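Here the structure comes first, spelled out in structure tokens, and everything after it is commentary.
Only one protein chain is missing; all other protein chains are in place.
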Amino acid sequence: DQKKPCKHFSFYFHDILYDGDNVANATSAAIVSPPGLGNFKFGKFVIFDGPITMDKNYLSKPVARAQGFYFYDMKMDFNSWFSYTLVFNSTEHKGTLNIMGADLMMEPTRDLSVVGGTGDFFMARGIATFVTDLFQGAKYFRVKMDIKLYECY
Amino acid sequence: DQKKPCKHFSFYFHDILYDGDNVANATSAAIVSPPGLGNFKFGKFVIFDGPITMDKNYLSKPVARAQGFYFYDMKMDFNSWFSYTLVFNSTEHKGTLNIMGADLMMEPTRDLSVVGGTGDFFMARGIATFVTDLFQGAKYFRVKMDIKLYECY
Partner (left out) sequence: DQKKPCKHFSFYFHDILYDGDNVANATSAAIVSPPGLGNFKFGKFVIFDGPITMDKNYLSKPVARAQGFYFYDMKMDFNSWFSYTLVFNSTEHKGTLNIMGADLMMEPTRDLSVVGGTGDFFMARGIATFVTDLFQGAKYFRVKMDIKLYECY
């Protein structure tokens, strides 16, 4: 509830969609075909369990995992919506952060809500800022996530 | 955390389901067939990007958009569940509100949670009240949404 947060993390989320042939490498999978509302994959719904790394390499030792879903939701351009949990299980942090909101893909930056937390993040609340770092067609993307907590207990 | 909220909005959400033949007019689409648990569409899951208007006309200039999903979830009557973001991008408001909860369709009024907000709505929390204004078969519905924020920063 102010400018500077009480806890700030910056790290990278990676998504490697299952393509029918890459079980070992994939971190996510679409569960439905898009219904066909426009040409930007409206309604394509993806469940993921992806790594959170401090650098841009999806093979780096993860500091957390992101588990949840996203879907595309715009008829005339790409737009998406997310709800997920960051799961920490390291000597450094043990706990979870729950996040949801609109991933406005057409914007240079966009904010989602940190709606709760557990463990070391008990009762957290704040903002999760997304910036796109890289996308490669429909096969891979990497998001820089900046977690800014404004309630820290 | 009291009777009167610190910010109160009242406006209308519109949903025009994709029917296979109305790409230009539709605002939402079902992504699955209902599995068949009863006759009230249990499990039908809809993603939407619909207009929020100050009057009851779905063609009015929107003051915001609602992006997210709903699904039906009752075996013996209609009931639904929502999670979505109200996205404001006007000279008046720029920001988002994140909302989720049970849309108890059989009740004259029902409340969902405002679980967070961003931008001009940074760290908002409160209640979103739904009343049904009109439904037309399975083709269209309009909900009056009353947003009552009880934390305003």
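A few remarks follow.
As written, the chain order gives the labels A and B, with residue 1 at the start of each chain.
Simple rule for what comes next: a contact is a pair of C-beta atoms (placed from the backbone, for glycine too) under 8 Å apart; a residue touches a chain by one contact, two chains touch by 3 or more.
The residue touching the chain not shown here, chosen from B:14, B:65, B:125 or B:142, is B:125. When the whole complex is considered, the residue among A:34, A:117 or A:126 that touches the unshown chain is A:117. Although one chain is hidden here, its contacts on subunit A can still be listed: residues 18, 20, 23, 26, 28-32, 47-49, 67-69, 83-85, 87, 96, 98, 100, 115-119, 122-123, 153. On the side of subunit B, the interface with the absent chain consists of residues 1-2, 32, 34-38, 42-43, 45, 71, 73-75, 79, 81, 83, 100-102, 104, 111-115, 125-127, 150, using the contact rule stated above.
Everything that follows uses one rule, which is that only the chains that are shown with their structure count from here on.
Chain geometry summary: the mean Cα position of subunit A and that of subunit B are 23 Å apart.
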